[PDB]
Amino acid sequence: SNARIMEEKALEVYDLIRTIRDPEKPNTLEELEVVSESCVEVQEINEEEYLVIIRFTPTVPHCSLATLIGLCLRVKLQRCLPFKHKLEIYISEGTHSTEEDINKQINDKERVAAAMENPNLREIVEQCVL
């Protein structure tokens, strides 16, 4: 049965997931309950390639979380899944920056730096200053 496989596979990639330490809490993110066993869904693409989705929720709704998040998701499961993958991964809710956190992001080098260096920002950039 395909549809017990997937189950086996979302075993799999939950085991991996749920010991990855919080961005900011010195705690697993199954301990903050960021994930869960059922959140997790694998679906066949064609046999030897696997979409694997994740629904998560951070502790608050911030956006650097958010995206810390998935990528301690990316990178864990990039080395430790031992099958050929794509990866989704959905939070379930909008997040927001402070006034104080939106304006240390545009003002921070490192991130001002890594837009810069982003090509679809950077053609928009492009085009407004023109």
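Rigid core: the largest C-alpha set superposing within 1.5 Å between the two forms. Numbering follows the first chain given and starts at 1. Compared with the form deposited in another entry:
- Once both forms are fitted on their rigid core, the CA atom of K84 lies 2 Å or more apart between these two forms.
- When two forms of a protein are overlaid on their rigid core, residues whose CA moves 2 Å or more are considered shifted, and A115 is one of them between these two forms.
- The Cα position of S64 differs by 2 Å or more between these two forms after fitting on the rigid core.
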The other form holds:
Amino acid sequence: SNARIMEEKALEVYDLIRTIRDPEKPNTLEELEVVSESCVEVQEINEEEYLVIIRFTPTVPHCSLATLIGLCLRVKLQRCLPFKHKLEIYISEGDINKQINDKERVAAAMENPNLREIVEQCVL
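Previous: the form deposited in one PDB entry; requested now: the form deposited in another entry:
For this one, just the chain is written down, with no partner chains and no other molecules.
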């Protein structure tokens, strides 16, 4: 039946993506619950052309850039200021879907050798 075939195609898709390594952590997307089989749907657009829809839940860095910067500020001052002090640091209060789907943005990323290297190794 059509439904069975679309189920089989979604499983095909899932089996390819499930073992991709996370860019930062030593585990696969499936192990980190970034994807699961139910997160994929396949439909037939026209005869023998399929649409694949994936919803994924990205991992977050163990230590974000903003956090690293804040630590640098605190550690530098703590070690190098010549007076006794307390410090309060505040993040100043003064499209990803687009980056991963737009054909031009995808190509631009894959033309950066640094990003291409990361992506190609994660999927290897």
